[PDB]
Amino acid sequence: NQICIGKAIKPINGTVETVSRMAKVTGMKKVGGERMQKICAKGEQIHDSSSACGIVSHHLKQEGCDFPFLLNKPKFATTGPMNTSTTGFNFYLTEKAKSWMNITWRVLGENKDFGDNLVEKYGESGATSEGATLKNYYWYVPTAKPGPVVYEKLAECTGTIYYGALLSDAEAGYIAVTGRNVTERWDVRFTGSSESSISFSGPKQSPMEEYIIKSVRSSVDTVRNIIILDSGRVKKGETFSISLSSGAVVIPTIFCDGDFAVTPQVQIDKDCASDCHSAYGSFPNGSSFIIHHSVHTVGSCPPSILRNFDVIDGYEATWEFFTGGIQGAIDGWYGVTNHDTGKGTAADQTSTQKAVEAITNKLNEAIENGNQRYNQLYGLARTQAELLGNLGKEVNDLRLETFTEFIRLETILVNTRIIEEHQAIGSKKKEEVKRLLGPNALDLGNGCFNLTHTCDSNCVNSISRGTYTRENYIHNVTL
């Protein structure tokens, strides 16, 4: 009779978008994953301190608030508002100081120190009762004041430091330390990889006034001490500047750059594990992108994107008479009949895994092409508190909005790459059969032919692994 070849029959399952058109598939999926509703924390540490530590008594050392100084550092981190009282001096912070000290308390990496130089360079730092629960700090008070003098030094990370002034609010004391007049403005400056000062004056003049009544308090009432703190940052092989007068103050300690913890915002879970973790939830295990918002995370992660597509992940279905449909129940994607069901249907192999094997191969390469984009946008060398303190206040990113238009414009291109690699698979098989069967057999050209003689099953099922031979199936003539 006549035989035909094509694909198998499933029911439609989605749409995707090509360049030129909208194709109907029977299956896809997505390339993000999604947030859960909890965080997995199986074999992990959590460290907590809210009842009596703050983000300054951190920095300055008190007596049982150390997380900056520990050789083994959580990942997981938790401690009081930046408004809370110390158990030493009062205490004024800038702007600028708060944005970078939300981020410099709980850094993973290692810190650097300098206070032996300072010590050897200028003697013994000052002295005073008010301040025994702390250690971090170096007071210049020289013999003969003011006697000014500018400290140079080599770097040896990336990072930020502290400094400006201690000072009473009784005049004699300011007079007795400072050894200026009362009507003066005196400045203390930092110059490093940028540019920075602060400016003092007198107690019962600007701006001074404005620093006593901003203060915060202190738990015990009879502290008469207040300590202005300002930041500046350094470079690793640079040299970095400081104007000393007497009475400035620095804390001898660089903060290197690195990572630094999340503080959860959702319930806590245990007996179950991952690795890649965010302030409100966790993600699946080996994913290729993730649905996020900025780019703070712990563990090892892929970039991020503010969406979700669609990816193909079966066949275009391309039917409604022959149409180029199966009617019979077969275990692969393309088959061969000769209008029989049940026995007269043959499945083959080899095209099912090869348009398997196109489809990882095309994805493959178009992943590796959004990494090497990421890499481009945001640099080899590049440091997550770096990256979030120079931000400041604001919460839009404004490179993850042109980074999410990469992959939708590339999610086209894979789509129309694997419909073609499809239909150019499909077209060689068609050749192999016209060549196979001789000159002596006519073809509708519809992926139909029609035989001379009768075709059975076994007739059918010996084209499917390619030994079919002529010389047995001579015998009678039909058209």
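Only the largest set of C-alpha atoms that superpose within 1.5 Å between the two forms is called the rigid core. Residue numbers count along the first chain shown, from 1. What changes on going to the form deposited in another entry:
Looking at 34, 48, 66, 443 after a core superposition between these two forms, you find that only 443 has a C-alpha shift of 2 Å or more.
Right, and the form deposited in another entry of this protein, after the form deposited in one PDB entry?
Single chain only below; no partners, no other molecules.
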């Protein structure tokens, strides 16, 4: 008779893309994990103050709004919109200040305060009765006005600082506080990692009239003071400077960069745990990549891609007379048969184990390469707050597109590598079988060996374990 070695015939599950062709495979999966329909927040605390506080109220430490100063900060937080009024004075924010305040109120790090340094350098802060509820502000009102100074300080962390002015909308109060003429225009300048500036004038002159018109009015209608704020950026090891004159104001806190909380936009479900969450749902455990449109997430999360890709999970179907496949059912991926089905077909676990190990190792190497590329693209020392703030109002990140293209190319390369490794394993197994069999028989060049004798089911079964011997099968002659 004769024997053959090959793969187990299984239904074709799909098609994957290699470098030079498309291959039909018996099994495939997806590299990235898909978003769920809810947020699994078991074991996590949720902060919600949308009915009592606004974004600005948190920065100024209003009574009952102290998220940036909590000892333990919840990963999920919600609050009122940007235009929510406070109980103190009226406020105005620039566009840059709005963009950065959308983030800085919910940073999960530890914030640094430098109000005591200002107090000891320039004396006690100015006092007004309209800001009794708020606490976190320093008002520079020297005895001799305007009395310009430049305040320099070495920062303790990378972050943002809000500065500006606090002025009345009446001419008498403005003159009493600033000590300038109404027709004059003056500036407050900030020099840190970058440069920022803001201009002020009298209540009936530009641009202060526009500030008055555009300001957000407070809950108390008798309050005349408006606090106008801009933002500046500071680096950890460098020094920053602020040009101060009478009437200038500064919030004496550095809002350090890092992770910041996620505002839930979908249903929050308890009695369900996870480790990677986003504003629109959680992700399955142990994902190599996640299908997300941003880098903002909480918990332990992998890199994000914009779309999913298919990777091989089985083996190529290289079959339609022997054509490499084995009709008989076997418990494995490779087998030895003698055209007898039911008991004369035996499978070898060694080749299947090798193929599974090859798939695992190639996938691990691919994931490592992708992580290295992600680190190169975004940087080793990166923070989500800084990236999101620098993006600004833009919702499209080009680095995500570059990373997605790289991941697609990597997936194609992985499919190619896995297929080639499987081919090498099969060729090595065939060569080993030919070596073990003997030189007497001849090879048909397709994995089937014709023996000089008859090979019963026991002869086939002995070959798979490798204990086959030629002595007991020499009898009789056939071709």
